[PDB]
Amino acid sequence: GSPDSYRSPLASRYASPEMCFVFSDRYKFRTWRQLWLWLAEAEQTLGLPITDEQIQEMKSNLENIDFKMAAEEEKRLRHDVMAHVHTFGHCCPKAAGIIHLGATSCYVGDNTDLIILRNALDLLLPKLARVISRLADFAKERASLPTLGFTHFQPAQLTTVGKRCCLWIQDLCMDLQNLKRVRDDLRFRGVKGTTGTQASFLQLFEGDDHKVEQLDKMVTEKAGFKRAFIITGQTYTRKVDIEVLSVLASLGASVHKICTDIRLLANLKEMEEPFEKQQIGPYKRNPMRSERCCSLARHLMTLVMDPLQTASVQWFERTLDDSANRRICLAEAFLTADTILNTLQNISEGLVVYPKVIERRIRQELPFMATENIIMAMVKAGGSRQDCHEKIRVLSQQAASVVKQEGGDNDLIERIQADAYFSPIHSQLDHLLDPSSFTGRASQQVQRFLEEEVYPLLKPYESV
């Protein structure tokens, strides 16, 4: 692309070449020809006057596409499909008269879109499986590392770095399920005619309903779909595009949340994005990859409104106000998702943790959450609950004033150590303030989660 024209940053800058190719005109028109080859093979099988020589010349010329010629013919014809029937028949002169036999434009246009959507999903699925797997390794590594919990982004009951990572993983697992469900349930349009009635194919087969049904089943199987619609207008219902982009929107919400947490952890200096390759010969580090993931994820959420609106105002058996919008949103949704998953994998590969910063923060906040434990110990040693409460309240106030009014380190535990009133529990104080004892069931939750929910989910993706 020239620097003198706009180039989508989703092609040029962001997405992988594999996803870029799925949405390319090369892939599109090659798949159009592929569909025409399948149609010819099935029509031959069903008794139509098509030869093995005609089939073989189509098969040899699936990739040999004259784009200049197609574009020229599209000018005079003003019909993209017929422009390509012409260009295909030019390089396939024996087969020319039977290309597109009995079909309408959407046999190629709309089935190709479904193949594209399915192949795009099949590119995302393994990438999403891989990021989940890398985060699972991290979660298990850090399963028992105590970290300050945050509710309202204020100190709260301690969690572990790995348990927090499980919140992230779980949302991504829900995405993996949704994506796989939408992919697997996607139906083929098949051979349906202009308004879905198969009137053209019925006539071609001389009123033979069984042959129309069989043809529909054969192209569906050749394209590798399990199932075709029975009911369509001109195209697959545009409710499908809502299903697909809704699950991508939800994925975007998940990633926006995870990468927001990561950016906040980076401010706290508890976690940072992976160190990047050394240049031959820094204190401050910006979580730029997580920022980019948020930025893009937002756009994936935004896009959901396109297919919602499109579907809601489709009139009868189709209106073509779906077409320009789909050319933008379907491709953009997938290229944005791809980019996000490529970046998130890169974030996952060697996340940096600073346990001494984490520890320090716990030591600042934990004492204000440990006071019932200190009361219980005093009471167990023969002390008075009332007096211990009154005394803890006063020392706690003193420490809180050091922290806020003076900008000091929390000295509550040191106040308690120095006060002879707490003499009966001074020897227990390290044990009573052990952060691992305040993480509840965090580490066991990680283990049960990974074994019962995450590994089983990943198992079938081990091939790809």
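Definition used throughout: the rigid core is the maximal C-alpha set that superposes within 1.5 Å between two forms. Residue numbers count along the first chain shown, from 1. Compared with the form deposited in another entry:
Core superposition between these two forms leaves every listed residue (77, 253, 230, 264) with a C-alpha shift below 2 angstroms except 77. With the core superposed, residue 386 shows a C-alpha displacement of at least 2 Å between these two forms.
Once both forms are fitted on their core, the CA shift for residue 414 between these two forms remains under 2 Å.
A movement of the C-alpha atom of residue 90 reaching 2 angstroms or beyond is seen between these two forms when the two forms are aligned on their rigid core.
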Contents of the next structure:
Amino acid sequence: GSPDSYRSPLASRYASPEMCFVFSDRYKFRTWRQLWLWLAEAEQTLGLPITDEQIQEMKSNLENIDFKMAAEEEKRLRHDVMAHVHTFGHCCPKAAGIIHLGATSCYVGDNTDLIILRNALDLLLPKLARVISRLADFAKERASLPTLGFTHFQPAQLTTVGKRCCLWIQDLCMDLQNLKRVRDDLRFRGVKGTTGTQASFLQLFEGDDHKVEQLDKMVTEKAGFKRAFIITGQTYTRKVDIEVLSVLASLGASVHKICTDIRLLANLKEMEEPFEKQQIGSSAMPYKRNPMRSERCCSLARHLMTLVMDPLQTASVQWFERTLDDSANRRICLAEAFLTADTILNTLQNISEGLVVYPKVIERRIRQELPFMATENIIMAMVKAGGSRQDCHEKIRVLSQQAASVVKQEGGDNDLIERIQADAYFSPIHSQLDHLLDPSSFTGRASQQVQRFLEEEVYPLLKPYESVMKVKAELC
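So that was the form deposited in one PDB entry. Now I'd like the form deposited in another entry, please.
No partner chains or extra molecules come along with it, only the chain itself.
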């Protein structure tokens, strides 16, 4: 852009070239001109006096956009669309007086935004699908690896690394379905006139409603949409922007939860992000391993959540057939939501492709904590061997207190099993202690739940996206 002015970090640091391009002025104004060509083409076929020469001029000059002239004209007219009409007309002097014929500014403005929304959603969907697929592979691989469960972030009944990963995956699958739904539900604005009544076109076609309806259908079809709104004011209802940014906000929340979990696992030393060979962690310590990619995801996911309040507020105060207090806001929030989303999905894909697990750290933490969770199982085995529940409970309470004192008052390892092994009272069950403290037998149905979840819910969703799976996600 130029380092002497503000540049959005979404453009200069974060988002992919593809998404940056979709929200560029080239893409936008090229699409405006495309829409003016389609209007002229359709109008000519329906019988307005537009010559093939005029159409040919416009077709030749679609990419030939003098941005300097349009800026100068916008300065003079204070109207972006008319600046581009006059600028396109300068290029195309024979076609000049039939460009924009019958239309209001939103014919190009709103229809271009809808085309952009659809294309932007189409870039996110494969990226999200890739993330889900990579995590699903990880989940399958680690379906049966026991790990300490956490509720209130305190030690809890064991889960597996893969099962925990399915918590993440499930949230993303709900996003995938939401994004798909919203993408398929988008309708074209079409040709509607200044207040949505098509009065201008009805006059041009001298009272022929059928021709007005066909014009709407023709441009809708050329733009690649199955359906147009029947009802609009000047604009498509800004409720559409709420629907889109809601599903992105929800996705942000999922990503934030996942990346927060990953950051905590990094503190625990159970799991880590990928690391580049020459990557530095800190100014003081290059070897320090910070989960910086996950941190960035959270940071940007938060912005995605924040942004939902823009279109909510905007839609809620749109007066009658349109007010222009939506316009500047939308220039910002629509682009930034998609660029932020794009960034988080590229980054999350990158993280999921390089996740490192440390099984021996996981095991160590289980050995520390499992003895306290297994006291009930040891009492029951003692009862089965002919002991009284109350005696066994008082004896386990005393040995657990000795062990708890070593942990908390002395900073030592949990030795509760070695204490039970060395007490004659528990000699009826000493031979069973290997069985009663097997971590795999404390994981419930975790590995089965993973298997069932991947077959029944995940793989069916992913099957449509096979062809986009081989792309690797790089970062700078």
